[PDB]
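Here's a solo chain for you in structure tokens, the form solved without the RNA.
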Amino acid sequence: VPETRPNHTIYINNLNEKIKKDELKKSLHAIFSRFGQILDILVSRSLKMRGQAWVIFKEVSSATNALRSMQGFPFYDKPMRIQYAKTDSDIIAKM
């Protein structure tokens, strides 16, 4: 059940697909910044990748609090669906 095992990265699904990547990244930064230091936020607007984002935290504890605190939060009328990434970002190996 790797998606339930804490690591530095949360995977968010069920995001409103009408939000532009630029606006999405700024909004996710304002939502998630209260849980710890964000290294970066990933959004692909490649057709298959819409409604999805990755928030990478400096510490695992920050990602866990963010995941438990924001699970199901109705953002632009849609509940956020949050997991941990199955694999954690290469940036963590470089920390």
The other form holds:
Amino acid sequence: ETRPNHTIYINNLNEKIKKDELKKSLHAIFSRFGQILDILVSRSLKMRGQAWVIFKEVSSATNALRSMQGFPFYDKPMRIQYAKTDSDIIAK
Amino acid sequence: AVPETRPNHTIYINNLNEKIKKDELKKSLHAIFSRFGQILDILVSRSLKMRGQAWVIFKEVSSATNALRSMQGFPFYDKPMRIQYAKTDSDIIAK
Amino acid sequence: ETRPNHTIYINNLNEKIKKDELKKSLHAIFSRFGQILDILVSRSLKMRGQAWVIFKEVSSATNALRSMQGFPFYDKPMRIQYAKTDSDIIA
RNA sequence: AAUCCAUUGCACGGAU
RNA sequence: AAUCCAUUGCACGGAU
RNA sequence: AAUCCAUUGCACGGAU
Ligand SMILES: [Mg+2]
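Would you generate the structure of this protein in the form solved in complex with the RNA, following the form solved without the RNA above?
Every chain and every other molecule in the complex is listed next, the one we just looked at coming first.
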């Protein structure tokens, strides 16, 4: 989805990277754009190669996506959209 | 030839998912690109040489420039948009 | 590196393109983002398929990276990062 | 309309 | 853990 | 010069 959101959806991630390293790496890269509330990574069948970065502010999310769109990350260009719906911690 | 990087009122988008029909492509493109400025037109055609392609015409060059810097590589119907500036002025702009 | 720098690092370049045409073609793409101080290309084994574009202003390098990330050059998407270290002409 | 073949194309095609 | 196979997936797998 | 093999490499090769 193209509708600005607090959360960015990243896919095409290198699946060899384990959750802890991926979370640390995504936080170091994306922290620059503003305060990150959380990064949700899962390694199960439907969730690998994927991350949700939840920014406190939409303006940080918009800036992260526009700057990091296509950035080569562990040999794969990041594909970044806005999450299709609000992440739970944002919804409350 | 190289990607065209000389700012222009019009951005040229290729590598569009060709399964998307004209009406929906224009409607989706408007929804995405209207956040960068006022859009005068969006030219889509589904002929052989025109498929996979759109011209989005902004009233001001500054909007084209923001649109290109922002939406480059956006995953749009599972294919990253490829954006340049239009080689030459659109007719709407020329008059 | 993901940190803005005066210098952009490009790889996944079509190794068939020769130095002069690669350098001329990179100026024609990237010069439109602001003044380029230098474009460094070598075709030696460790250096081929790569270029460093040194901009005068960091805003120019940032606009160039964001705007041309993944854009096909001689049938290959350009992979653009910021240089890990300042180019010598900058330092 | 749909499925398939082909098309990465800078403007103001073919098959069932 | 690792290795191989499969998976491009919008959330709060299989084999040694 | 051309072509083949190898190389995805963060700087200031082999081969006909
Ligand atoms: Mg078809």
